[PDB]
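The hints should help you fit chain B onto chain A, whose structure is shown.
Protein chains: 2
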Amino acid sequence: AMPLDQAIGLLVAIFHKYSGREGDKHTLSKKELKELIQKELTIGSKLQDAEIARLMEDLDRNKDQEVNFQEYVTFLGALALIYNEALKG
Amino acid sequence: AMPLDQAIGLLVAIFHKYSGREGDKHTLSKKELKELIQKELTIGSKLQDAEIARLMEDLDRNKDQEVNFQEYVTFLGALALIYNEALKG
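Protein chains in written order, with UniProt numbering: chain A, 2 to 90; chain B, 2 to 90.
Read the hints as simulated data drawn from the structure, not as lab findings. Be careful, since some hints might not be right.
Identical copies look the same in the list; a pair holds intra-copy or inter-copy alike.
Below, in silico cross-link-like pairs of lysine-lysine (DSSO-like), each with a Cα-Cα straight-line distance of 27 Å or less [what the hints assert, rightly or not]:
#  : residue 1 : residue 2
1  : 18        : 89
2  : 35        : 89
3  : 18        : 32
4  : 31        : 18
5  : 26        : 40
6  : 26        : 89
7  : 64        : 26
8  : 47        : 26
9  : 35        : 47
10 : 64        : 35
11 : 31        : 64
Bound conformation, chain A alone:
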């Protein structure tokens, strides 16, 4: 697949890895999303960064709320802005 098709296919696959764990495969809880981020990204050196720590706290404060695919993708965009190196500056 072209690079962007590859990217989308990976986003979908990782969503379904966690959304399939309980109930509806169309959603995952914010508790589960926090677990997904900590397991699927090499983020362990950055979890105490001021902005990333607030995103993780917000997931724990809203842990039982569900997230659909669109909201998961939006959230990954928010996290990339404060996590991915190429988005610095």
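Using the frame of chain A, we list chain B on its own:
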């Protein structure tokens, strides 16, 4: 990189391929986003699908509006729901 880190890195790279063409590297126009989708995804067989055609029309109707990285990622999530096979059902 882990799969999701790979996915994010590709999203960022394709954004910057187009956002760097004019002006600010932090945004791209909706005209440019339409070009990005048509060139970076194997979507040519699906452009007349009822839902995809409306997303492409909306980009052309708002062609001069700018899009930041967060809005680009959100948009890719919207498109994936109506384009990616694994999101059917």
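Quick rundown of the hints versus the structure:
no. : hint    : verdict
1   : 18 / 89 : between (29 Å within a copy, 16 Å between copies)
2   : 35 / 89 : both (23 Å within a copy, 25 Å between copies)
3   : 18 / 32 : within (14 Å within a copy, 34 Å between copies)
4   : 31 / 18 : within (14 Å within a copy, 32 Å between copies)
5   : 26 / 40 : within (19 Å within a copy, 31 Å between copies)
6   : 26 / 89 : between (34 Å within a copy, 11 Å between copies)
7   : 64 / 26 : within (17 Å within a copy, 35 Å between copies)
8   : 47 / 26 : between (29 Å within a copy, 25 Å between copies)
9   : 35 / 47 : within (14 Å within a copy, 34 Å between copies)
10  : 64 / 35 : within (8 Å within a copy, 36 Å between copies)
11  : 31 / 64 : within (5 Å within a copy, 35 Å between copies)
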